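Here we start with a single chain on its own, the form deposited in one PDB entry, put down as structure tokens.
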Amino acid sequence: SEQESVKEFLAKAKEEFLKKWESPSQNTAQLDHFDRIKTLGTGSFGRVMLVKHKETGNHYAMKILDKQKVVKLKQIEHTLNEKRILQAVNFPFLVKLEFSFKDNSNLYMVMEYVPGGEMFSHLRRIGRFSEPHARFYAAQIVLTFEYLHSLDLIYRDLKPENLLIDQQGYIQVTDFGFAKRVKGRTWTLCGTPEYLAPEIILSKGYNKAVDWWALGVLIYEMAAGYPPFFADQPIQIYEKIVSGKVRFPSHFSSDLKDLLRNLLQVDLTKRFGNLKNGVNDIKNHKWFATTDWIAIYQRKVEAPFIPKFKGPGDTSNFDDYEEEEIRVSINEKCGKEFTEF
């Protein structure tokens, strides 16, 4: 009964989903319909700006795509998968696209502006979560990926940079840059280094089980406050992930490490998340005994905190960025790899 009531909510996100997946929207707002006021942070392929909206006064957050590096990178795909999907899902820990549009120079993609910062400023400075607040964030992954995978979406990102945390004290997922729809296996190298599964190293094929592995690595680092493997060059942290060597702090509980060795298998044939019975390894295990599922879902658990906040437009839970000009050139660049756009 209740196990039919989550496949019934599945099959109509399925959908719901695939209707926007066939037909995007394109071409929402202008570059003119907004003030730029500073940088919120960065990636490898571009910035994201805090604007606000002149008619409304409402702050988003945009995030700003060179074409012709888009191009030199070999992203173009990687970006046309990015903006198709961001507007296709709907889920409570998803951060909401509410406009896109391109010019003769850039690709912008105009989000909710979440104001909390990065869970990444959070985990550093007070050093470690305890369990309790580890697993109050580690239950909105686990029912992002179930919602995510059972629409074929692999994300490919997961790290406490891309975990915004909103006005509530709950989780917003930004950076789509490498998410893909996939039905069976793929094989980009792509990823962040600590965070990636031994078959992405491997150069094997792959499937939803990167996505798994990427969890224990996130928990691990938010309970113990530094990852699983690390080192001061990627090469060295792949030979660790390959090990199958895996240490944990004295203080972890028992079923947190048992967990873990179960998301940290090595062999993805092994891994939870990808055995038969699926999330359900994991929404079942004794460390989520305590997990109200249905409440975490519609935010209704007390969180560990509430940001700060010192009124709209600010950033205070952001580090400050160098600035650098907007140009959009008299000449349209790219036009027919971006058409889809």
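Positions refer to the first chain, counted from 1. In this text, rigid core is short for the largest set of C-alphas that superpose within 1.5 Å between two forms. What changes on going to the form deposited in another entry:
Rigid-core fit between these two forms: of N277, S316, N58, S44, the one residue whose Cα shifts 2 angstroms or more is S44.
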Contents of the next structure:
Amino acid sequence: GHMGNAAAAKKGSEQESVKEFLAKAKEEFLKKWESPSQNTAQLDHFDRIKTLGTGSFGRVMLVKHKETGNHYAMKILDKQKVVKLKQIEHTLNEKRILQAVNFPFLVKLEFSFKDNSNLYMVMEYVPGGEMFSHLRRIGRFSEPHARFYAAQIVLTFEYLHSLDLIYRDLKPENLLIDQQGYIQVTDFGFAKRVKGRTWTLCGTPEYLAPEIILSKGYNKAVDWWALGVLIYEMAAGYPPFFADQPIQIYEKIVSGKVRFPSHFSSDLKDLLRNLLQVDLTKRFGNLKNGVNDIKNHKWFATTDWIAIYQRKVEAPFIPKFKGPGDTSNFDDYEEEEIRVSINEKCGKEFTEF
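Cool, the form deposited in one PDB entry is there; where's the form deposited in another entry?
Next comes a single chain, given without company.
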């Protein structure tokens, strides 16, 4: 067979141990999921320094704790805007997930609180910027470079899926690089606890699995499709399915006809054909062997999974930082004073925050 006796027993024991660690991790998650934390700091505790990113909900600012001197990223959400955009449940769900999970590649929520105008989520500052910026800056990652990042997403999705969470928002724009060159996942607004199927059309066109686009329901396998898209884009410099308009992107996806660059290794193409598999019955990560079909693929043969998890692998790229609070890896945004109203807005809707 493909493995001798020694190899097969080692791999089987390893996989059984993974299951045991995940069962314990799920118990810790569910304890915090059912009894979330709240109001663990206040706005006057921080100095606002610079906007790091901007979105529909509001702003993410670099701040510094006035007492501990530590730097943090503070996501600021305008309650009225969140209501107006009908994002109440997504916002509450993001915070509930962030305070309940624990994994080396998931951003750490340190504090959260709210006032009359806004909700605040204060996260560990990830100073290296988006993977997107670094990918477009150098064009494409070498296959070892892409594999290093891919392995972290594989472990992160294996963790999240064991908690019955579907991530659904994977793309280089949503992956931050930390000071050690490792990945941090920050955005969980689209994540959903799903033990069976779900139906919501959400996410980013290039990264949508066919069964998200089509009216049929879907499950966590859409994240393994999205992993295939990410690996492809990391190694090629562009995604497998693109067009001027999302509708034409969706047509390519549902065909799933993929062309690969001539510099892709045959190992990489085989893996991607099995991740970018339109047939649910055949997609890697969705078979009887689950994620081990991915972890045991020849493209990952040189991947030391424990070492990745333990963050003992030397990163292929370390962002430069000229001191604490360095924002040189982030774009610039229009500053604007945070205005707190004298009147409480949408208090009932955000009681659980």
